[PDB]
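Asker: So the chains spell out like this:
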Amino acid sequence: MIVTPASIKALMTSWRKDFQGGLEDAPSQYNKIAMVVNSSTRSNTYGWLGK
Amino acid sequence: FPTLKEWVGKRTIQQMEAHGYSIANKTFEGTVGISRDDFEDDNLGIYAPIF
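From first to last, the protein sequence lines stand for chains A and B.
Taking the deposited numbering, the leading residue of the first sequence gets 1, the next gets one more, and so forth.
Taking the deposited numbering, the leading residue of the second sequence gets 52, the next gets one more, and so forth.
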């Protein structure tokens with residue numbers, strides 16, 4: 001039994017980094033209700049014709 | 052140089068002077084600012100001639 005200081009013994013560990021991003025957010029559901037459109041200016045003007 | 056005068060006796064040792072003048076440089080500045088949104092949403096091309 002090689003008597004070892006606690007500080008040195010603590011360094012004998014393995015980094016696993018498996019819990020990263022574990023707690024995500026609620027799933028996105030806006031794609032069922034909205035349509036994505038782009039823009040290239042201060043605003044976006046929509047126009048359509050009547051029947 | 053002193054103007055010539057009549058010579059009676061011995062020469063009169065006169066004196067002249069030297070003048071000086073100094074002008075100090077100055078620093079000037081002028082600046083303007085426009086937001087990134089306003090400069091990038093300009094499709095007309097009206098804000099381009101600022102340089």
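The reader is advised that the hints may include incorrect statements.
[To be verified] Cβ pair distances, simulated, as ranges:
(1) A:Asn44 to B:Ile85: 18 to 28 Å
(2) B:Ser86 to A:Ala6: 50 to 60 Å
(3) A:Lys17 to B:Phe90: 34 to 44 Å
(4) B:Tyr98 to A:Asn38: 17 to 27 Å
(5) B:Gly81 to A:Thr45: 35 to 45 Å
(6) A:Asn31 to B:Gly81: 43 to 53 Å
Hints were generated in silico from the structure; no laboratory data involved.
Ideal placement from N, C-alpha and C gives every residue a C-beta, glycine not left out.
Asker: So, against the hints stated earlier in the document, which numbers end up violated here?
Answerer: Violated hints: none at all, because every hint is consistent with the structure.
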